[PDB]
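Next up: a single chain in structure tokens, the form deposited in one PDB entry.
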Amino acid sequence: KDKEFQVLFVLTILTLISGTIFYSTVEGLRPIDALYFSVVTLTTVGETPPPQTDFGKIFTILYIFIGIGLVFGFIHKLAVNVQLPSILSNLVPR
């Protein structure tokens, strides 16, 4: 698998579980929506409203600075170490 990708994967899931728990609890979201927000926020897509609560905004500011690096690193490794080899193997003629 490659221990780095594996670890990046775990950390990213941990980061997303944490956001998911925080947003459903504090912003009153359904888990699906708290997870959805966490994800589109850390990947910087952002096509949702902002948080309503001041805790929500605060946590969110911290969550982005601490979380964006992990998330983008995971994507990088996924693309470089997972997807690129898959594509390679799939462009082989047999």
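If you superpose the two forms and keep the largest set of C-alpha atoms that fall within 1.5 Å, you have the rigid core. Residue numbers count along the first chain shown, from 1. What changes on going to the form deposited in another entry:
Superposed on the core, the two forms barely differ at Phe22: its CA moves less than 2 Å between the two forms. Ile13: CA moves less than 2 Å between the two forms after rigid-core fitting.
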Contents of the next structure:
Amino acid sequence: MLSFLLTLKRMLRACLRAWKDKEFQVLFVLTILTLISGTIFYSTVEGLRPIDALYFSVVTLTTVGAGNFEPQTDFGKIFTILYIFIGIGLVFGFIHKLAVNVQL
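Moving on from the form deposited in one PDB entry, kindly provide the form deposited in another entry as a structure.
If you are looking for partners or other molecules, they are not here, because only the chain is given.
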């Protein structure tokens, strides 16, 4: 049990230290920026209430997927297709990072 906590602590330190790498920071900011753009687009173009635009943006960008909503306009549909690849590009970025930071 004490080992659990010590391991947990060492791992948490390593996670917080990751928030120090400038490339991880960029990816993070880019992600926030992407989530904000999505929130703006869906509230504007699809008329979704702000909190629902972020929710759709989050579930869509993370590949979780929305359970009922889907863009109603052709403009929304196109944006979403593009939004999704941006999301995949970001994930690969993080993955590429975790791939380099491990092989150094």
